[PDB]
Amino acid sequence: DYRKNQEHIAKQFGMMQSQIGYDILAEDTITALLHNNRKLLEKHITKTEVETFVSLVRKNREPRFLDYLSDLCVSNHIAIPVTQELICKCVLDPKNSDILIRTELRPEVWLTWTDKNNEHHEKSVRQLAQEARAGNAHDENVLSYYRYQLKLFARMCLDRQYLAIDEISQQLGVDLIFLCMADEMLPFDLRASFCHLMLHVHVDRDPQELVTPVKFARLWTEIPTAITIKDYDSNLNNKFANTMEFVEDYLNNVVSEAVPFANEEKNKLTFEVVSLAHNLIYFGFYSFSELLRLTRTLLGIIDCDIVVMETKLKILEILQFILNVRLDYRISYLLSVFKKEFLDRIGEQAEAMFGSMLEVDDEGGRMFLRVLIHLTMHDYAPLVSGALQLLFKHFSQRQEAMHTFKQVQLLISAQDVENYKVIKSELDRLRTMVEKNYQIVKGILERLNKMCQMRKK
Amino acid sequence: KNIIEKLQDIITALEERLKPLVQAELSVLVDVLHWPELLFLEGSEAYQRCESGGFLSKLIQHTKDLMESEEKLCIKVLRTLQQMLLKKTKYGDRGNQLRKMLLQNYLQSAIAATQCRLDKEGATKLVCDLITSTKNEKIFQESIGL
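These protein sequence lines map, in sequence, to chains A and B. Read left to right, the first sequence gives residues 566 to 672, 691 to 820, 828 to 894, 961 to 998, 1025 to 1037, 1043 to 1123, 1168 to 1183, 1188 to 1192 (the authors' numbering). Read left to right, the second sequence gives residues 1589 to 1696, 1719 to 1756 (the authors' numbering).
What the hints contain is simulated information worked out from the structure, not anything from laboratory work. Here a beta-carbon is modelled for each residue, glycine too, at the ideal position from N, C-alpha and C. Careful: at least some of the hints might be erroneous.
Unchecked claim - Derived DEER-like restraints, expressed as beta-carbon distance ranges: (1) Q1725(B) / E1050(A): 29 to 37 Å; (2) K1607(B) / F998(A): 23 to 31 Å; (3) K1607(B) / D766(A): 33 to 41 Å; (4) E650(A) / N1590(B): 52 to 60 Å.
Only chain B is shown next, with the shape it has when bound in the complex:
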């Protein structure tokens, strides 16, 4: 019947509405990754292990030695890492409150700072290793983007 038209219209409207908050959720995840130690219990061995950006180094190593394992995972990790070092901006007043609530629940010159932190983690070697090993279009292109 014609109910397919109404269903598709409702789906399109819902997707358009949810678009403002998808980026907010992605930013919330990026922020959570930015300061991983903020989540784990303070004073625990994980706090010290993750104190010096341990999660960052582990993710960098996995991405470097993970291109063959799963291209999608490597691409997503690279995109998230680039978004983290790519500043931030208001995701819309409608989704601003949602992002704030999500950050609160999941967690009880700045560009230069994060760039230097990523460099210390060893993102330079990551990008150069991705570049000078792979012909896959997305892999090399996203390494250039990073």
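Next up, chain A with everything else stripped away, as it sits in the complex:
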């Protein structure tokens, strides 16, 4: 936490880098120094350093080296594309593919390791978990190494590092991850690591994409005669069904308890499941009808420790997304009423809309206000800010809805409106290419530039 001091120390870094791996607390110190300064990471991180770290990990066979290597991939918990690419290249080559414990499915789960003595030991995943629970040097070492390797593999695939995801997914399939997570016999730490790996290697892949709740632009023909509560989801209309079921079941079970955030072992699993749920919701997999019940459960799991604060913040973000979806539904209802008009009755419908099924609560809204008030008294700055924003927003929904209705720009126009559909189709391919030949990108950019008083429209 000293940019000037960090730069001054890094000024003479070659000596520290050279004196790495001699049992002195320098490799960890070096990693800590290059933990926030993205510029420092770019300047001091190269192929040689990654290769040296990999060789040290191979020689020592200790989890600490793997954890230190993994921590370098993410800078300020945001990204490090150059460092991530280098780490993936160094740790994905078949030659180096000996320090990572392989996992397989047999009729269950079995983990195979190469041992420090170049051996080949295969142990049942359930049997290995039972042995670790019993307590043994070999079992404890295997469990720690597996956890560290899973964490490092998940970190390597942070953001969209497809160069490594394409291999990690094949190495550990989504179905295998789901089967492992839904065990309840293995230690909580391993389950949390598996959940994080699944979230960061098979949830944010190419297929899924982010969703914007409040679509400020709507198609005139799209609006139906009347929009029911299910309509907002039926009109919208994937494969990880078991993942969603497990997430819902775990969240419900956590809610149906006293002091839900009490056990650290279960606390980590809850902090992973909440993150998975937030990612799925932001990905649009869930629907509004089920979203209401999910939000009710989440609020119930908050009424009346960094992990606890992070979980509360994630729950608040999910609730904010649900509120945005509700505002979108209200705007859709207003637009549907206007279309039905093709007066004062519309006034009554509007007054009755923002007054009810479309309510994220179970005690007439008192629950949300109580939770927000309780959170406001909390300590964490992000939690306090989120609670204050939510409290100031909830009791002022009418103004926000009116402002949203004042920004809706219908596209009932002629084929000129179809230019909007053409632009959307082009932007789909543009984003697909951006995520991951150049002729198509150049043509799309040229077409967009050509398409871009009509300038304002």
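Once you've looked at the hints, dock chain B against the given chain A.
Chain B only, in chain A's frame:
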């Protein structure tokens, strides 16, 4: 086509109609903030923690050390705090019933009293700290307003 004209007219009429109740909803929120303990379950630890205007002190501290975090949030908090200490008046018979119902559902010399309560919370230090730190027009202006 010309449907845009009809849509804009309907939007304007709806906004004009809703204007009477927007202030009522804001007043309902202000009242809820005025007596936060009234909402939480009586006798609970939150009742004692919030008994001495705990929410007020926490909000004041957050607003003071929140200008850089989000200017909009600080401005909104200051406006709400000023509205709370700014008396009240009939928001229209049309919206009076709505405000009463909202207060009931969300909650099962007076100017001098609330002013003294805010001063005890430490709003004097809040306003002076906002003033003698910031050149942002809205921040300093709203501190003067408070």
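Checked hints:
no.	hint	verdict
1	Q1725(B) / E1050(A): 29 to 37 Å	holds, 34 Å
2	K1607(B) / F998(A): 23 to 31 Å	holds, 26 Å
3	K1607(B) / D766(A): 33 to 41 Å	violated, 57 Å
4	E650(A) / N1590(B): 52 to 60 Å	holds, 56 Å
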